[PDB]
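The data below hold one chain only, encoded as structure tokens and taken in the form deposited in one PDB entry.
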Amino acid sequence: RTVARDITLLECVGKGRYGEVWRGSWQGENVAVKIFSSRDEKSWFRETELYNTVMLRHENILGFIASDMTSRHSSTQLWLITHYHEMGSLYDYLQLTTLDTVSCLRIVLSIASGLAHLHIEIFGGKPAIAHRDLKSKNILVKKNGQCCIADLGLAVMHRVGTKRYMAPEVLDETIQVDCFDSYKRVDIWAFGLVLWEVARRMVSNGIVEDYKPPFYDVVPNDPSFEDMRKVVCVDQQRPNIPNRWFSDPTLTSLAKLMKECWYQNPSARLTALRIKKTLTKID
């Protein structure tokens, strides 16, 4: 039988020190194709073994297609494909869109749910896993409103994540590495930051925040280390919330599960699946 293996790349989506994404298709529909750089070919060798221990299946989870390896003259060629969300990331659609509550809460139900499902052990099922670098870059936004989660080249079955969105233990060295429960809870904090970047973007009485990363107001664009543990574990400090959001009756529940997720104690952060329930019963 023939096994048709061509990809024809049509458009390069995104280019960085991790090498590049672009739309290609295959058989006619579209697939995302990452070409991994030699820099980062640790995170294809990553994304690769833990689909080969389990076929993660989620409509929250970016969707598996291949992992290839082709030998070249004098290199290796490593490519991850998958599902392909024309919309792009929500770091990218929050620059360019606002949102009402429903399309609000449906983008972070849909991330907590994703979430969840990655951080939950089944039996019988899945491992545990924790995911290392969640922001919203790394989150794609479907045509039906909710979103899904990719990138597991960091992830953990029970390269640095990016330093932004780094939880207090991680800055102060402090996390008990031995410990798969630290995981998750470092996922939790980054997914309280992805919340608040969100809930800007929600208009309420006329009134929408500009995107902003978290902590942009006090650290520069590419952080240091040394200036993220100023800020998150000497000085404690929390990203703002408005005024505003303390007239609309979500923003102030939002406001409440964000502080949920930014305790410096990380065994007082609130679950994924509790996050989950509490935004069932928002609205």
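Here the rigid core means the biggest group of C-alpha atoms that line up within 1.5 Å when the two forms are laid on top of each other. Positions refer to the first chain, counted from 1. First, how it differs from the form deposited in another entry.
- Put simply, after the core is superposed between the two forms, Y51 is the one residue in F225, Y51, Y216, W26 with a Cα shift of at least 2 angstroms.
- When two forms of a protein are overlaid on their rigid core, residues whose CA moves 2 Å or more are considered shifted, and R72 is one of them between the two forms.
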Given for the second form:
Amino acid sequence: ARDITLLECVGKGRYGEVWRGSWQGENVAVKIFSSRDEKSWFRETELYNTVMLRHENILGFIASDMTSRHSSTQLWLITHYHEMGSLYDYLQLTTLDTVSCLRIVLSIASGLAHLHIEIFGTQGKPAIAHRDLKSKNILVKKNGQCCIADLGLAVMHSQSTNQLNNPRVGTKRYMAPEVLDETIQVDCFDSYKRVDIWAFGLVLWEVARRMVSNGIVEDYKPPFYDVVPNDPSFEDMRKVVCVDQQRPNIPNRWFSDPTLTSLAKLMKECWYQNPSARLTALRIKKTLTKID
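Moving from the form deposited in one PDB entry, what structure would you give for the form deposited in another entry?
What comes next is one chain alone, with no partners or other molecules.
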């Protein structure tokens, strides 16, 4: 709205940049989109202002603005601020106990389940697949819960219509096997929900590594840290996941802990090569609730 005062830059990449801003006394996060990502800015804006997307575990919308002149375009998305930053940065220095670990993973599954499920009525919403789920697109709150942030690559589906993208978009390190070997049924909306579930299982692994049991804990590592380089190519990922049939390694110490044991069983059922065999977000949520 440019009544915002852009204080400090808290993120910078291909997507654009994210600024901590001040708007009427309160802190806000301002994502400044490139002109090359105009379609992503509008899709994310339209979910927020037309679908009325809102949930305790989804990044809170505040405002969206576009100003465009002949030879100038500025694309702003304004949301609630979260001073703890991404789950990725949060896991770097923090360790977790059983309670705070389950609060992180259950809140993520709660937000993902809310995205996936279609709601009917005048105040309803379509089914939504995220398609770029990863630890850098998840923010941590002060209460220890998380929200899902980046909705630019989302796809929607309403049973009341025949409405239905991008071929190979998303972080390659988090791509599902059916995306890498190109067998994904791009015309079934359920394929994108299952691609989100594969990514969710990778994040489960990232978080559980940082949970202490028996005085032990693992350093933060990204998924497949030990078998691919940084910025891995599409081919590197296809060799590791599709050909070598490799999955993130479960430390043996997890099995001495019954909580890390259940999360381990949850990860495996998100990593099936057969996408139809993978759990749904709703089933993951119910399972995580029983653990408490």
